[PDB]
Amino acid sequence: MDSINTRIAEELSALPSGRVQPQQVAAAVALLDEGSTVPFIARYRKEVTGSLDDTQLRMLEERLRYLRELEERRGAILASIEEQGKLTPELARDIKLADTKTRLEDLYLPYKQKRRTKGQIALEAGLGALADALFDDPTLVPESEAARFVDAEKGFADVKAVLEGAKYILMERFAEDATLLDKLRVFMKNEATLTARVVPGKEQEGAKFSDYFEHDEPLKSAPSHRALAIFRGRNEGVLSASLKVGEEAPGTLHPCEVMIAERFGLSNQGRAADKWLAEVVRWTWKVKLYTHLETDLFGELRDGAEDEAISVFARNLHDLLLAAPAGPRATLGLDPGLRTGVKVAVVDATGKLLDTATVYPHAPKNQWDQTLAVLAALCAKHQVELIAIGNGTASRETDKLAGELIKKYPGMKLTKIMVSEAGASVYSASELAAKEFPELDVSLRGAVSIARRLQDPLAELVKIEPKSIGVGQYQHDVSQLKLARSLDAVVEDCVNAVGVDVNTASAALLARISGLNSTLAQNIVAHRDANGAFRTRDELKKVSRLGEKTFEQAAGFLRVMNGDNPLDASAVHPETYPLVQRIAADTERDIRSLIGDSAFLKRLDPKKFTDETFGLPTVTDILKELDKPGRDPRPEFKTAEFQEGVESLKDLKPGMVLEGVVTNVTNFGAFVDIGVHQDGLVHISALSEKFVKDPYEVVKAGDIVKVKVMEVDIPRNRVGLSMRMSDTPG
C-alpha cells in the first residue's frame, strides 16, 4: 500500500541515515511479508532495499505494524458510516487525511452506536425541538418553551425534567464534535498541568512515591521516569492524578468551557436562555469532555514514557549482549558469599566444567590462607588464566583474595575480572540450569554461569529471559508485552551480528538465529549428538524440518569452524558460493589461499564480479569476508587491562581503569597520581559527565578519583586521564 510506504519512508528519512524512498520500503516490506528476517534482509538483501540497515528495518517493522492497524480501523469506520447513509465526501475526505488513531476515533464519534443514553431517551420523547430551539435562540425562555414538552410518563412530567433532557441532548451533541475535541486536546496539551496528589489516609505506604504527594508539572514536559512513577499509583493506588488548567478558582469559567461556548457561539449576554446554556456548556465539560480528554492525554503520555523507557532498556541490553568476550580461556568462577561462603567453579577453554568447590575465606568462618591454596591448586591443576568474580555480596572481600592470589602466584599469570552477578542468579534457579548441572546443588550453578559469562557474555546471557538479564531500573512499570517484543529484537540483532558456531552452540543460542526457533534449535543439537559435527553448512539441510527457506534465513549466520569448506566459517551466504568460485577461478587461486591476503583482495575490481542478483554490496561484502571471515563485531578483549599494581609509565595501557588521588586541582583541570611517579592531567571538561564551570567545585585534592587512562605517552613521559563516560581515546 503506497500510503503506508510513503509514510514509513517519510518517518525513516528523519533518522540520521537520512532520506529513504518509498520504493525501498515497498521492497523491504515485500521481503518481510515473505517471512525474511531483519538480520537477513539487512545483511544479504542490500541491493533490493537500497541498503537499509537494522535500525531502519526495525523501525520499518514497527511502523508497518502500527500503520496497518490504523488502515484496518479506518476501513471499518468508513464501512460503518457508509452503512448508515452518512458518509459525506467531506467526511470521507477527513477520514482519508486522518493520521492518528485519535483523529480517526474522534471523527467516528457521531456514528459510534450506543442506545439508551439520557440524551437518546430525551430525543425519542421529542425533546430535540426544545434543544434546537433554545440553542438556535437564547432570547427564548426555557421554562416557557419547555412547558409544551411535558410528556406524561414518557419520562418527563415537569418543566425541570424536560430541560434536564434537553441539556443532555446538547451535551452529547457537543461532546462528539471532532473540531472541538481537537482544539481542546491540543490546548490541554500545551496548558494543562499534570497534578500529583497523595490519596486519603495520607498513607505512608506511598513512601516510594513520597516525591509525588504534592507535585505539579507541565503536561508537555513531563519526563518519562517521573510520569511512569506517578502512574504506579495504579490499581489500588496511593496517588491521584489529574490535569488542571490554571487555578482551582470557583466562579471563574474553565478556559475549555470558554472554548466550548465559543465553538458554538454561546456568549453569556444576560439573555433568557444564557444561564441554562452556560449550565449546558459546563455540564458538557465536567461530565463528558474532561474525562474523555484526560484519558487521551494520560494514555498518550503513558505510551511516550513507556516507549522511551523501553528504548533505554533495549540499549542497555544491547551493550550487555555485545560486551567483549574474554575468549576460549580456562577460567575460575567465584560467586562471593560471606553468608553461604564463596562458590568456586572451573571451566576449561571450552566452558566445560572441570571442578567445583565451596571455600570459606570470609568472616563467618575465616579461612583466608586455606582458600588461597585451594584456588591456586585449582588454577595450577586446570591451567586457569582468568578469574571471574561476581559483583554481589562480599565481592569487595572476594576481589582482595583474587588480587592477592595473582600476586602470590605470578607464575600462573592470572588476570582477575569483575562480572555482573545479576544474570547468574536467575540462571542458577532456572530449569535449564538443572538440565545442565543436575549433579550440582543450586548455589554452585551461579559460579559456573559467572565464569562462562566472562568467556562469552552473549553465549551465557542468552540462556535466560532477556528481561531478567536486568535491562533497567524499574522495568516492571512498562507494558510487558512491548518490553518483551523489544528485547527479543535486541537479542536477535546481537546473536546474528556475532553469528554462531553450530557445533558448540547451545539450543538457547541457536533459537535466536535468524529463521530458527526452539524446535529447530533442539533438532540441530540432537542431530549433532546423534551424528557428530556438521562438517559443512550444507549438512544442515539434513536436519529434520530445516527446510530450504529456513536454510536461506539461517545459513549465513550459522558458522562451521575448521570444516571441509573454508566459506562455512564466514558470513558468505551459501547462495553466493558459485560467485566466490568465479572469483577463485578468475584469480587462479584457492579460497584457502585468498583468505587473509588483504592487499590482493583489495586490488580486485568488484564490478568484474557483480550480476543481476548479486550486485556491488554483495560482492564488496564477500571480499571483506575473504579477508577476515566471520570477523567478530565486538570490541577486543585485552588482558593488558585489568592488571593492577602497575608502577611504570611503560606498563600503562591506553584504556585501563585506575584509582588515583588528586594531587592538585586548577582552573583548567585536575592532576592525578596513579602511582607511576608522574601526574596525569584530567582536563576541565573531562572532570564531569555533566558540564563543568568550575573544577574546584567538582574535585578536591586528596580525593580518590576512579580515573581511566586515555592517551599515554612514553617519550614525553605523560599519561592522559579522562575520568569520564565517553571513553573515546585518540
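Rigid core: the largest C-alpha set superposing within 1.5 Å between the two forms. Residue numbers count along the first chain shown, from 1. Compared with the form deposited in another entry:
Summarising the superposition on the core between the two forms, the listed residues 76, 533, 324, 157 contain exactly one with a Cα shift of 2 Å or larger, 157. Taking the rigid core as fixed, one finds a CA shift for residue 302 smaller than 2 Å between the two forms. Once the rigid core is used as the reference frame, the Cα position of residue 717 differs between the two forms by 2 Å or more. Superposed on the core, the two forms differ at residue 167: its CA moves 2 Å or more between the two forms.
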Given for the second form:
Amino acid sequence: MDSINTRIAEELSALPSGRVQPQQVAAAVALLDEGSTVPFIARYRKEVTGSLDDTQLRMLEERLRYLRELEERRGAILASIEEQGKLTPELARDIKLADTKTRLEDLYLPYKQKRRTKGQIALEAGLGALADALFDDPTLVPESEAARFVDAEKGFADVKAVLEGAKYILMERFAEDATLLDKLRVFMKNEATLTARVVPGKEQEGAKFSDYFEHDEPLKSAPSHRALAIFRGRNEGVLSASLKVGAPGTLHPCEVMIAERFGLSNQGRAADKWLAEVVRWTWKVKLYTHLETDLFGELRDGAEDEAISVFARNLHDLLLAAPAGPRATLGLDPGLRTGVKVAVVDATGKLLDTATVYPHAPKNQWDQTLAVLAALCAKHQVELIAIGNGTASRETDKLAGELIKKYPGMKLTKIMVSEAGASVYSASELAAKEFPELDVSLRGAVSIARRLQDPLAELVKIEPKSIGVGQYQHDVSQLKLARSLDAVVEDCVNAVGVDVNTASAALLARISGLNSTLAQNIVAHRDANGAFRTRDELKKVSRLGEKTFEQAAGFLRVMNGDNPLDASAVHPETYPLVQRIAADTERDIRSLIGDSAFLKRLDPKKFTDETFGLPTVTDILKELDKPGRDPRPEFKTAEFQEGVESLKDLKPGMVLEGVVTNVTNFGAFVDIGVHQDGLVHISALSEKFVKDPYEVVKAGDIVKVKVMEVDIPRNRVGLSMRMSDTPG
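Now that you have shown the form deposited in one PDB entry, what about the form deposited in another entry?
One chain, no partners, no other molecules: that is all that follows.
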C-alpha cells in the first residue's frame, strides 16, 4: 500500500539518520514480509533498501504493524457503517482522512453495537420521542411532556424516571459526537493540569510517593518518570490522578463547549434548566471519564515507550561490553543476612567451587570471609573478581578491595558487574539443567562470574524482558518490552556472529532465522557428527532449509574448516563473486585474506554486478582484510585501573570511565587517564536533548565515555557519553 510506504518513509525521514524514500520502505517491507530478518536485511540487502540500518528497520517494522492495524480496522468500520445504511460520502471522507485509531473509533461510535445502557433501555420504552421533543423545543415543560410516557411496566413508573431515561438518551447521543470529542480531547490535552493527590490515610503506607502527594503540572508536558511514578502510586491505591482545568457553582469550560456544539443556550425557557442538567451530566458521567481514559492512556504509552527505550539502550550496552575472555574468575553475589554468594570458574567458565560467606551485617564475619576468598583465589589461580551491583555491592567491593590489598601477590583485579537477570536465571530450567545439584542461591554467583568472562554468551541464557535494566521494568507493557528487548538481543548477537561449532543452543537461538528447535538440532548434529567442516554442511541439519540457510549462514562462523570464507561475514551467496575477485587478481582466496595493503588498493567498482552492488563488494573487501571482526572493544580494564594506558593505545569504540575536569557552556572536558582531556560536546553529553552542560555534569563526576576518534599526531581524543554514537 502506497499510503503506508509514504507515511513510514516520512516518519523515518524525521530521524537524524535522514531522508528515506517510499521506494526504500516498499522494498524493505517486501523483504520483511517474505521472512527476511532485520539483521539480514541491514547487512546483506543494503542495495535493495538504500542501506537502511537496524535502527531504521526496527522502527519501520513497528510502524508497519500499527499502520496495517489502522488500515484493517478502517475497512471494518466502513463495512459496518455501510451495512447500517449510514455511509454518507461526507462520513466516508472523514474516515478516509483519519490519521489515528482514536479518530477512527470516534467516528465509529454512533454506529457501534450498543450495550444495554440506560439510554438504550429508555429508547426501547419509546422515550426517544420525549428527548427529541424537549431538545427540539425548549419551551415545552419537561414534566408535562413526560406524563404521556409514564409506563411502570416498561420500567418507567413516574415522571422523574421518565425524565432521567430521556436525559440518558441525550447524554449518550451527545457523548458519541466525533467533532465534540476531538474538540474536548484537544482542549483537555492543551489546558488540563495533571493532578496527583495522596489518598487520605495512606501518607505512611505510600511514603515512597510523597513527592506526588500534592502534585500539579501540565498534562501535555508531564515527563516519563513522574508519569510512571504517579500511575504506579495510583495502581497500588496510594494516589489518585485526575485532570483539572476546571462545586464553586462554576460552569466547566467543557460544559460550555458541549452546549455550544448542540445549540443549547439557557435562556430561561421551560426546558432550559433540564437541558443544562443534561449537559452537566454528559460531562460528569460520560465525557470526562472517557477523555481521562484516552489522555491517561496516551500519557502512559508515551512514558512507557521512553522508559523502554532506555532499557533497550542499557541492555545493548550490556550485551556489547568487552568480554574479559578466558580468565579464571571469582564471582561475588552480594547480600547481608543471606550473605555473599561465591562461585569460582576456570578459564573455560567451568565451575570449580562455591561458598556462602557472611562478611557483612548482621554476622560481620569479615576476616573469616577474607580468608575463605583468599584461599579460593590461591588454589584456583583467580585473576578476576566479578561483583554484582545489587544489595550490599558497595560493602562487597570494599571487601574485595581489602583482599587485593592484603594479597598483592595474587595480582587480582575486581570489576563491578550488573546483576541483571541473575536471580531469574538461577531459578530457570536451563539453570536447573546446568547445575542440578547446586543450590539456587549459588547459581546467581555463577552467572555473575561468567558474565564478566563474556556478557553476551551468559546473558542470552536469560529471557530478555527478565534482564532487569531499570526501574518500572516490570510495570510497563510486557509485550512492548519483549518486542524491544528481543530486537536488541537479536541485533547484538548477529552483529557479533557466532562460531557454530562452539556456540550454545541459547546463543544459536538468537541468530537470524534460527530458533530454539533449530539451535538444538544444530547442537545435536555436531554432537552426533562432529564439527561442521563448512557452512554448506549446515544444510544437512534437520529442518534447516534453504530459506533458513540464507538468513543464518552469514552469521554462523566455521573456524578452521575447508573454506576460509566460512570464517567471515561474507555470505555464501557471494562466494562466486569473491572467486571472480580471485580470478581477476590471479590470487587464491587464502592469499587475499589479511592482505590489508592489496585489498585497500582494490577498486570495488570493478566487481559490482546487477545483484551485488557497491555496498556488498566494499563490505566483502573489509571482511577479506579482517574476517568476522568482533564489533566489541578490547578488554583493557586492568590497564586503566593501573593508569598505564597512553593516547597512542586508544581505539575508536572503547568504552571507558572518565572524570569530568571542567564544564563549559559548550560541553565538558573529561580525563580518561591518558594525560590529555577529551571534549564531550554539549549534545554528546546525553541521549536526550541537552540545553545546558551544567545541568548534566559537574567537575569531579565519573562518567562513561566512548572513544569517538583518536588523532595521534595532534595528540587528541574524541569522546561521547552517548553509547548510541558510532565512532565510525
